[PDB]
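Just one chain is shown here, as structure tokens, and it is the form solved without the ligand.
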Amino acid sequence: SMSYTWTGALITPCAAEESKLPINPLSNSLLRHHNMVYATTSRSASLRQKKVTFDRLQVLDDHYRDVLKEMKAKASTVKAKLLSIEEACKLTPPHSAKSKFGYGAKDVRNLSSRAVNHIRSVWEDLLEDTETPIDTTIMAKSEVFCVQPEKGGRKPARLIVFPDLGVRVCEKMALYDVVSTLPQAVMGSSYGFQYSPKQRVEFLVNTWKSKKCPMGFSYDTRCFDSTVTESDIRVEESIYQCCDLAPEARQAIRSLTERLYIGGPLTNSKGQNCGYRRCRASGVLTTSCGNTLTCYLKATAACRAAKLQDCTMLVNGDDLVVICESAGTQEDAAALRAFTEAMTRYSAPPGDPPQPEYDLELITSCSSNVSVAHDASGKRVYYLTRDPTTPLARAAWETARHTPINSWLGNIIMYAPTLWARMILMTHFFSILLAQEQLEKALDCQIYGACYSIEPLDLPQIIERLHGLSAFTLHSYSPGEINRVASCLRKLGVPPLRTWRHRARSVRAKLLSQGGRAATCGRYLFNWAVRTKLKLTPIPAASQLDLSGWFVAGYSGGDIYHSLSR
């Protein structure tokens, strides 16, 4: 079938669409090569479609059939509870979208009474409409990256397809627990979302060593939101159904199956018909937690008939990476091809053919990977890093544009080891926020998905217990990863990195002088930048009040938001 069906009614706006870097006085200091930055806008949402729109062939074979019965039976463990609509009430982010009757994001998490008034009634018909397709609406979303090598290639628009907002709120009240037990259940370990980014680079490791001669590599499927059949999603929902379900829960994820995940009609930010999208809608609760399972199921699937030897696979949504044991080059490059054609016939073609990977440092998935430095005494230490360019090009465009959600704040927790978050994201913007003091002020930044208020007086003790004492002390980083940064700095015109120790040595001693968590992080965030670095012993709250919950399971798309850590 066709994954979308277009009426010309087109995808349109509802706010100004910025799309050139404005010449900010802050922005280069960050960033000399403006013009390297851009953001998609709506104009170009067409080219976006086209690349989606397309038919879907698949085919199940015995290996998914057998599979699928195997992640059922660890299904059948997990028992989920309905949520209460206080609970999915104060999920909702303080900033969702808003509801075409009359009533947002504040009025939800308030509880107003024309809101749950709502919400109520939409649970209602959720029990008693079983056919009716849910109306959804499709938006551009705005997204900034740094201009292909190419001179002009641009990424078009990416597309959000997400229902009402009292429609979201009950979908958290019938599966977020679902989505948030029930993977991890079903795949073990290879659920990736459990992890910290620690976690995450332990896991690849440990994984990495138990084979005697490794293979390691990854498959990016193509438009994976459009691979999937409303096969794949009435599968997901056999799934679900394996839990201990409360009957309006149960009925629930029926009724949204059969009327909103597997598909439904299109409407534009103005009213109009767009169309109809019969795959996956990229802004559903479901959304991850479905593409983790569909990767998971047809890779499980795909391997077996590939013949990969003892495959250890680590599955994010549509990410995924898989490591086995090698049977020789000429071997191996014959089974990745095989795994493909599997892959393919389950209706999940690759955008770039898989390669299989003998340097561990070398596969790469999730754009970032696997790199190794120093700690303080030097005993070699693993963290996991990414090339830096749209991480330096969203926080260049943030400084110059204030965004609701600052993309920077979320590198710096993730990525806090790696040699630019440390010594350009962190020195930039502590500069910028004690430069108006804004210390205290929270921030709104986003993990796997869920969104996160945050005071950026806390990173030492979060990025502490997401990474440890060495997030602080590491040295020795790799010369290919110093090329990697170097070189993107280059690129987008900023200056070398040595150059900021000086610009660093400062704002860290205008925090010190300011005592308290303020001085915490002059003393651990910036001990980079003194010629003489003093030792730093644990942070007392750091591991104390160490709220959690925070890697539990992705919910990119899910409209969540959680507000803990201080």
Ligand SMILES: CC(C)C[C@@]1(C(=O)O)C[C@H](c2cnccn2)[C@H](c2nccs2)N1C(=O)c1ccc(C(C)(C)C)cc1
Given for the second form:
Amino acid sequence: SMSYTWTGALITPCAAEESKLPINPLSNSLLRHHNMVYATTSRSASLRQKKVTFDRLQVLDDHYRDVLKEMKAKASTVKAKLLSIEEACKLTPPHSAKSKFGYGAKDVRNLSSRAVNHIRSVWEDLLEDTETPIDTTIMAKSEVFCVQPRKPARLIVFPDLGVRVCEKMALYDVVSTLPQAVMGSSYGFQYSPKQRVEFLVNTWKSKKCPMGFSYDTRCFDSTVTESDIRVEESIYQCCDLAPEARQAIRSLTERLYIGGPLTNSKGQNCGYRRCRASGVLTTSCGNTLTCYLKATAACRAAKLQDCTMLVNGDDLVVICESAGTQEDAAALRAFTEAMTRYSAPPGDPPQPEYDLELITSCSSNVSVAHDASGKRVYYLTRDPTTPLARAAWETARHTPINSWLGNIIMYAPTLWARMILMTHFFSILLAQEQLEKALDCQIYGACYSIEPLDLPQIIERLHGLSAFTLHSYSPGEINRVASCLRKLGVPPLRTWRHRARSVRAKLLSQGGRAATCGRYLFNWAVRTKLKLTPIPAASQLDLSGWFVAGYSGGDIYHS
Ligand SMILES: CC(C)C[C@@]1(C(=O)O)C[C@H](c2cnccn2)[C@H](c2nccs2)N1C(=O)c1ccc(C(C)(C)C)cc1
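Can I get the form deposited with the ligand bound as well, since the one above is the form solved without the ligand?
Below, the chain from earlier opens the complete complex, with every other chain and molecule after it.
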């Protein structure tokens, strides 16, 4: 069937849309070619709709069915709990889109009567009505990128706030627990960056002759069929479940997940969806389960040997045993034809790699650096172009989410995050005296409230101590970074070093947590380095639940 059906009414914005980077002193000292940075808007929506609208092809075979059964068997060991109204309300982001029924995120979090009452009515309706399609809003996503030597806006689809609270009650424990039980070590969202690098490296070193590749499914969400969504539900139904939870999952699957009507911000009927909605609780879990099922079965069909998967929603990387250059090329092609039959056609044809570092998964690649003792240490990095563009954008315009904070945290060991992101943002936070003001950022889709002064502890936990002492980065990594800076008009690294020295001094002056940042975050700036020892508060702070599962589009806020 058609992934989408359009009525002709437009995908509209509910406010003016900024698309260009402003000329601002604060952002200009970081990136001067401001005209190369842009934000996607509703104006490019039709170009996206055209690409995601097509008739799906799907042929399932024995390998597919065999793999499904194996996954269901594992799912059978799971017992998921129904979340209470209070618990579900506490998981709602403070700025989550308000309901059209007289209440918003604040009311939900405060458990106001109007909100709590409407949520119950929505829940009771999910138990009684098993068929009526639930309404959804479709908006053009606003994302920042650097012009190419332009990307049309992605489309987000989500139901009303009331429905989202009910999704949590019925499925939060499931999508946070079942993926791991089913896919095990292959479930990407259970790993912190350090653990992910470790899994990649170990998996690669465990093969007698490693060969790996990333597989880019063309517009994954639109390739998800009705059958895929029901197969997904069949996996959830293997869990021990409260009666109402079971009915809720059954109703939600038929009324929301398999598809439904699309309404624009103006309240007009845009058309119909018969594929994955980006903005529902099960999207990350569902996509991970679906991608893993299709890939695992595809490997068998292509005759790939000892395929080890690493899946994060639609992002997939495979590491297996090589059988020769030609043999691998052919088997990879067979794998791709198998995925296409399962309705997971490639965006760009996959390529076999015999160098772990030449593989990009989750927009990142493994690279090598050395700690204080000169010992080799693996870490995850990526082209810094988009992160830097977004950092500049977030510097000139105040944004709800701070991808720069999320990037410092997730890419702390990288050359670019330490010398550029840390230096730039800490100098500004100093000037504005806001080092202790908590900010919002996202990690694996979940919203987090973090204070800049806690970065040191946070980084030690997610990356270890070497994150503050890495040096002697690889030439490729250094050249990619330098090249990127020249392209964007970002001052050269030597300039950042000079700026960091000044930032570190001011930080040490204020002593306290500020000084801790100066010592750990900028130890790379001073030639006479300071002996760095484990941070006291580091091995204490509660970081549990930080890397358990993905919730991209799931409207989740971890408190
Ligand atoms: C600002 C950023 C930190 C937040 C973000 C997310 O909330 O999902 C979006 C980002 C982003 C950036 N550009 C395009 C798309 N998304 C990247 C991604 N999310 C999914 C795939 S890449 N990511 C991560 O959390 C993330 C960062 C590093 C790693 C590792 C180093 C551990 C791989 C893993 C996840």
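C-alpha atoms forming the largest set that superposes within 1.5 Å between two forms make up the rigid core. Positions refer to the first chain, counted from 1.
Query raised in the report: Rigid core fitted, then: does residue 17 show a CA shift of 2 angstroms or greater between these two forms?
Result: The answer is no, as the C-alpha of residue 17 shifts between these two forms by less than 2 Å after core alignment.
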